[PDB]
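All chains should be built: construct the whole structure from the sequences, respecting the hints.
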Amino acid sequence: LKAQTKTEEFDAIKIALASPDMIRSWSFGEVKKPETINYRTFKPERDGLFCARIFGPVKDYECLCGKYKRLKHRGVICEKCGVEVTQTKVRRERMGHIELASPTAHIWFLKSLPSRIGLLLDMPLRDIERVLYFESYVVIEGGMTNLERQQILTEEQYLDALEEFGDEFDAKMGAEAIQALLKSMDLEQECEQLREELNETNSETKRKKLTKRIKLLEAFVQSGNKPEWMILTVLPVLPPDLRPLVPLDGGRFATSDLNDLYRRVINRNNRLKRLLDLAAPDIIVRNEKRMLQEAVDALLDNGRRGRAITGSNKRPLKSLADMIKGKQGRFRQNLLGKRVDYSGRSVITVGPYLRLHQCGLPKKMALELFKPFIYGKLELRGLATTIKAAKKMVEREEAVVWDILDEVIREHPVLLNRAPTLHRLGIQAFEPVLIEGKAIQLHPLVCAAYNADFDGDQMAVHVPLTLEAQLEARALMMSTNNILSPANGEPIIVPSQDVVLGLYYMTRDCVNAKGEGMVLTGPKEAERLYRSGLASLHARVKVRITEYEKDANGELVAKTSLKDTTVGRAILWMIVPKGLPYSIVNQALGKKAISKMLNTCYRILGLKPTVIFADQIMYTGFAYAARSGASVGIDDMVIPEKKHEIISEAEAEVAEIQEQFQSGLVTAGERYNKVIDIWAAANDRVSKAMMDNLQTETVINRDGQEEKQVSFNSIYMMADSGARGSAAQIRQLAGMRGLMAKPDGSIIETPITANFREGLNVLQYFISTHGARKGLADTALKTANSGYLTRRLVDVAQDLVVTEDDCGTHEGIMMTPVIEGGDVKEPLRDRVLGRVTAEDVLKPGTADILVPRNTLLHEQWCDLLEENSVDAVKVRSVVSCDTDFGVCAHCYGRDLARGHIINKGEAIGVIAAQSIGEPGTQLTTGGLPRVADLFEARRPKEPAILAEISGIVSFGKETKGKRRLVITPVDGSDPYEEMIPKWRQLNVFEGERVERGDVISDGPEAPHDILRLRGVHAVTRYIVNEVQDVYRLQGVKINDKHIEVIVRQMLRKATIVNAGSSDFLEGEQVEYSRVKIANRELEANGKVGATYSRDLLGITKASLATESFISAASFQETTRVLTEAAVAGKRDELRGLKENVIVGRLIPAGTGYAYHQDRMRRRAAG
Amino acid sequence: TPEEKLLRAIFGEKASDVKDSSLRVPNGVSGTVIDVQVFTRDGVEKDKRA
Amino acid sequence: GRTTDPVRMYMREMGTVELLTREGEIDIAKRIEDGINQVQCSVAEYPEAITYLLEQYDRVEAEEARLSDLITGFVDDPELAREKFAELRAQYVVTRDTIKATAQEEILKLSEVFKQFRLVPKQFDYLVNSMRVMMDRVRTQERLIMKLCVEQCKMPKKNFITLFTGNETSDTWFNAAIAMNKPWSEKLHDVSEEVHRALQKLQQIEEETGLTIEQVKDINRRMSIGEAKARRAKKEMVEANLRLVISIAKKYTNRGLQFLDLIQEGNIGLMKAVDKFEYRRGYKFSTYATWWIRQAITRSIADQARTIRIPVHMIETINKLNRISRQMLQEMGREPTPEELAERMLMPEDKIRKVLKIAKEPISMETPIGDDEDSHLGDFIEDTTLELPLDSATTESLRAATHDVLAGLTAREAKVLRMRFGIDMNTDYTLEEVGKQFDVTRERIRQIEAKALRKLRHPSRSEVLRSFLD
Ligand SMILES: [Mg+2]
Ligand SMILES: [Zn+2]
Ligand SMILES: [Zn+2]
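Each protein sequence line maps, in turn, to chains D, C and F.
When the letters of the first sequence are read in order and numbered with the authors' numbering, they come out as residues 8 to 931, 1135 to 1376.
Numbering-wise (the authors' numbering), the second sequence opens with residue 896 and increments by one.
When the letters of the third sequence are read in order and numbered with the authors' numbering, they come out as residues 92 to 167, 213 to 236, 243 to 612.
There may be inaccurate statements among the hints.
As the list claims (entries may be wrong) - Calculated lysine-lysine pairs in the BS3-like style (CA-CA distance at most 25 Å, straight line): (1) C/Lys914 <-> D/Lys398; (2) D/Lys50 <-> F/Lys499; (3) D/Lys39 <-> F/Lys414; (4) C/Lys900 <-> D/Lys66; (5) D/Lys219 <-> D/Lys1340; (6) D/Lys399 <-> C/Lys914; (7) F/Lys392 <-> D/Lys321; (8) D/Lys40 <-> F/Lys414; (9) F/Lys377 <-> D/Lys280; (10) D/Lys79 <-> C/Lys900; (11) F/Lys557 <-> C/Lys900; (12) F/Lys593 <-> C/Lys900; (13) D/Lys222 <-> D/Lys1340; (14) C/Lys941 <-> F/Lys496.
Unchecked claim - Coverage of chain F stretches by chain C, computed from C-beta distances (three or more under 8 Å per stretch; other residues unrestricted): (15) 540-547; (16) 591-604.
Said to hold, decoys possible - Listing some non-contacts, in silico: residues in chain C with all C-beta distances to chain F over 10 Å: (17) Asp912; (18) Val913; (19) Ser916; (20) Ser917; (21) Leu918; (22) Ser925; (23) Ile929; (24) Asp930; (25) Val931; (26) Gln932; (27) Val933; (28) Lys943; (29) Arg944; (30) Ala945.
By construction, these hints were calculated from the structure, which means they are not laboratory data.
Virtual Cβ for every residue (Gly too), placed ideally from N, Cα, C.
Structure (structure tokens):
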């Protein structure tokens, strides 16, 4: 079967050097003229940069001369001036060329950092350029006389050598010379010779270089490029509509700078032809060749020579290289962004009446957005005669069409997005609800995920046009379908502030009120009791309730009892569906507990009940918060009655120490520390005074004289419930606020003795100012840093997607509680939850299999684990997965917005990166830079060293900057001898044995070491635990999984040690290697298998390694990537995400996985 | 072109040699005209309104 | 060292060349005279170079050409030209029949009278070209006859040149030297059919050109020599005088062309100056060359320095226009009205606006607009040539509307209407044409059409097609 010829749908792409003939293939004519347009009739001047004959008609299906104007005549080339009449779009397509008189270097291959022509010819750059400028003569094919082949002579030397050597000696100069070198070059001969030379001499200096060069040469052979190609004979011209001359207002014109450049090249070239035909002296024609080289170089990539300036304008003219590069990056225009139809934006407002599955959409906006749909529907029913008339109807805004829009809106979700998109939840899909007004209404419960306040934040809407986009929006991007953070299984739909103050005020108990101690049949008459004013919202009461438990087998058990609770809890219980116990609502319901309620509800009753539950919780929260009449007054903030006294005593301390300094008893510095310490203590005193007073000081009467309970004071309830405020800010409101520091960071020894409730004075405020500005600047900067980190992260991962289902390995990491120094800084439960057991675990007794090998440990399995005392669970990690080029779902974990195991095809690397990066603003050596350092694998500043090998050690030689440590293992040879600088204080015992990876000194260690001297599991544990230290210290929840996938990408590369297939020291993909040695262990050589060594590459480095050049050209240096790929003739197969986004085809993740896989298998097949 | 022509033939319209460039109030903004100014090239005849 | 920036690698390269002494200019010029005159004389000694000129003049008076395309004047009008040519032809018709020892003195004079003719450069070029081509033709047979002996039939070149020189036509060498019993003698028999048959053109040359193969080489050899001398000397002069070119080109700097572009065009100007110069007028070469270089520069700038090329007189006009404003700027203590300079100038006076507008240069499409942000001017240029989807839909709908409607009429009325217009068919048809394809032909068709439209004109129908009018 003929495969095909004309346009199929392509796969891969290929890049290479271009032939004079191949360049001529694209060219439909030679531009012989600098002229553009006629200057009156603006028609293109034939034949020039803008030409109808070479390129195309100026207007659709119309000849230039005007003879053939009819759409009937198409493939006709007009007799007058040949122009085939065809759409004017082709003027945006067709190429052309220019035949250069003298050969010309392609500046991309001359100035690329490892100069291509230069290291191909094994010639230095300066020599090559020197020759190019006609400043020296260079030998070519020297024959046997006196002279080296690449040797460079001068005027006198060339003349002398010529007088001696006649023929059988050859030298040229300028571009023609270099081209002669490249053309004369035989790669094959060099190959043979170099292999031999490699073989004979043993020196590292010789053979390293030798081997690198021969490999380079064979790589360039394999191609298909040949050397002469780096030198330009023919120069292609960019199609004119891509560098347009188009008119403006006032009759003015504006055009691309490429026309200036091309014009320059053409003029100088033609002038060179002239100077050749006029028989000009060498000095002149040479200058013309130099100028032409400069012109071509300026056209291709400007700035690697003189930086030509555009006409009359100082600003340097943009060149083709700059046309490719873009800027603000690192941004290739799919990357930075692209304008999109069917979309809009505006200020957002509240809309609490909404179910969380919908959003208020302004009438006008929805009208303008769904316009084509409205047209088509209108004429579908017949309300509009034709599409034209349908426009005129909606343009009239006739009364009918609103009813049609109600139809087109119903089942048809819209995408809402906010500005700082961090994690994937930054975009969510809702159902449009038509709303009067220009503002968008956004569900309160979602305000968390968006990080969207109501202070004038704006949101953007997008319409999912195609059917697949509607179903993708509804089954994936839908609001209700992500109720959980992808970072951690904890609910992101957790009620925020007003609502939690509502449920808190509802469920809390006072000591006494109306209805205290009575008895009621159930929640119904409890609410009925409250609403009529008889019983207080909160009063201690026994009521009969019926709870349910599903603890039968998939079946709900009913039970009823008398519960000691409050009227409020009783009323609220009406909302709690089915199987949940009454215990959950019987507490005080803080922002934390109110969340665990929802979480438990989800993991018990499923999605739908959790959704409707959450909705109800929000509604009742708002309503009862409004009923509550919560407020904030000036007397709501209570200053400790003991404050002034504390201030006084602490103030006496300073004067004690001051007198001591005047008496010389204490020095200056120690004194400073003392006074700073006394004030620092005073602050804690006032804080822990105001907190006692504020918290418990409601003293209230029940029956007998007195009792005291937690306060009903507003600001307290706010800070306590989790609504808003915190003990720090409350402390700053009532008690004195802090100690400040000068710009230096030297902390002022006179703290602010006044707070916000009292007035601050001039000094106190002026001193607070610096802290303020440093705060704003710092946070505004940490935004940028966070962004950078996420970027590095997704660049490092991306294409990692769940590919296979089960790789089926017993391998994994050993999961224990973190158990740090105190008790249990994080439990075993959270660490092992949602993960999959590597192997079947014991009871304390055995042949008892409680959990059998690979079973996703869901909450129940985990609680079974907790019932027994089990202290340890080996867990499959993404880092150890046997599957190549991705991760198997069975080894990943369950985690998702859904509680079920991860689906085949979801791209986990991206959401991992996003998950690590979203909280990144919250982080305050330590901090966010610590995280960056960890992921970059950077060796610390003053690191320790670990024993290279086990066995007894001892000290030898002396004081040469290093006092050597000689290691002595039991059985093995001694020879490992390391040189440790003696001016650092050691640890290791001169008379004792040390295991490999022991402390031979103190200080932080480089993870490279931890990988090498300890091992893979050790280093992944080190990374994950350290970054988790950074985050967890800040109260950030990030599952180990994501850091573990990042880690997997970090160690991706490994350097070979042994042999039998590939080269000795090559850094190479383990996936590649392991696949090749697993393939090698059988068949092939019976076993030739090659050893490797795992390598730790930092994220920014690991991102550098990519097979796809379309991808590399995105975030890397474009100019270098395209060259470096072009020489090798590198053929990009796509495969990964970035390239497919760039080329504008389906993502090979997601819904796309089905397609790409289906195609990928169809490829390399029958 | 074709059927357009046909259409003009049926309805007999003199479709103009003049396109409409008139300045009209931007979509959605609604107000009252408080003033009008007319600037003319020095030497071109002032229109009636001006 | 070399800082690159080719202005330097040029400046330093020419900076070596020494300034000519006053006398040295005369040395070079004299060398030029010698050199050229050599090729002129070598042309004069060529019989075909005479006969050709004769036949060409015979073409001139036969009205197949004009006197301007043959002679650029002699030393000295058309009647005078006619008689001068009569003189040339006369010397030709004597010299021709004297080819019986005495003729030489007359052939020299034939050369002289031929030398009195100043040919159009194109004609001269044709002559010299023809000569050298003739020498290529001789080289053909020379290399054929050489290789057919030495390389093929195995004969030494040493003994090959012996019976060669002085004859190389007759059979004295070919048929009398093979019997010499040399090791290379009997070997010559195998190629004999190939050598003697190619000898025809060889002896033919002495007929056409009227010169033995001996002289044919000599003459244009001397010619080549002269040419070489000329180019050598002239080059020397140019290279000597580059400094002048640079010095002038420094005046034209910001006119919109690069420095090296300037100095190169000016270099070409100097080249021309050397080509047309004569030291015999006593006019200094410096002040004579200055004009030429300045001419190359000025004439080049006007032409190539614009993205939109404009005619020269236009540019001049624009310049004048820029001056008037200089007289009258402070004079009309604003600026002169756009209509004032119009009356100053000689021409119609509304042309100011047009000319003033056309003369403006385009703006860089990369011109940065606000924020320094990547929004640059060209990013804001919309495509007005594209058709909106909203309209495209209505077009695709118009197709359905008209298709339905013509499906409503009678098939012959539908055919006549679809025919009368370009509807779903190529071009559209003259009503006569429509007749012929119908065979029912004339006034007749139009009737149907009218009524056809009439049927479509009032409803069920028109309502839809009517809604299409905006
Ligand atoms: Mg905000
Ligand atoms: Zn034409
Ligand atoms: Zn796995």
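Now for the hints, and whether the structure bears them out:
no.: 1; hint: C/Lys914 <-> D/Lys398; in the structure: holds, 20 Å
no.: 2; hint: D/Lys50 <-> F/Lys499; in the structure: holds, 18 Å
no.: 3; hint: D/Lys39 <-> F/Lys414; in the structure: holds, 24 Å
no.: 4; hint: C/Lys900 <-> D/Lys66; in the structure: holds, 21 Å
no.: 5; hint: D/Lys219 <-> D/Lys1340; in the structure: holds, 19 Å
no.: 6; hint: D/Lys399 <-> C/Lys914; in the structure: holds, 19 Å
no.: 7; hint: F/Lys392 <-> D/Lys321; in the structure: holds, 20 Å
no.: 8; hint: D/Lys40 <-> F/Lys414; in the structure: holds, 23 Å
no.: 9; hint: F/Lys377 <-> D/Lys280; in the structure: holds, 18 Å
no.: 10; hint: D/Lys79 <-> C/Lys900; in the structure: holds, 17 Å
no.: 11; hint: F/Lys557 <-> C/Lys900; in the structure: holds, 16 Å
no.: 12; hint: F/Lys593 <-> C/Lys900; in the structure: holds, 17 Å
no.: 13; hint: D/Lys222 <-> D/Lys1340; in the structure: holds, 16 Å
no.: 14; hint: C/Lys941 <-> F/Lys496; in the structure: holds, 22 Å
no.: 15; hint: 540-547; in the structure: holds (count 4)
no.: 16; hint: 591-604; in the structure: holds (count 4)
no.: 17; hint: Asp912; in the structure: holds, 17 Å
no.: 18; hint: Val913; in the structure: holds, 15 Å
no.: 19; hint: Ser916; in the structure: holds, 13 Å
no.: 20; hint: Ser917; in the structure: holds, 15 Å
no.: 21; hint: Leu918; in the structure: holds, 18 Å
no.: 22; hint: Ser925; in the structure: holds, 25 Å
no.: 23; hint: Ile929; in the structure: holds, 30 Å
no.: 24; hint: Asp930; in the structure: holds, 28 Å
no.: 25; hint: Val931; in the structure: holds, 26 Å
no.: 26; hint: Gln932; in the structure: holds, 21 Å
no.: 27; hint: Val933; in the structure: holds, 19 Å
no.: 28; hint: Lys943; in the structure: holds, 24 Å
no.: 29; hint: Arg944; in the structure: holds, 24 Å
no.: 30; hint: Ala945; in the structure: holds, 20 Å
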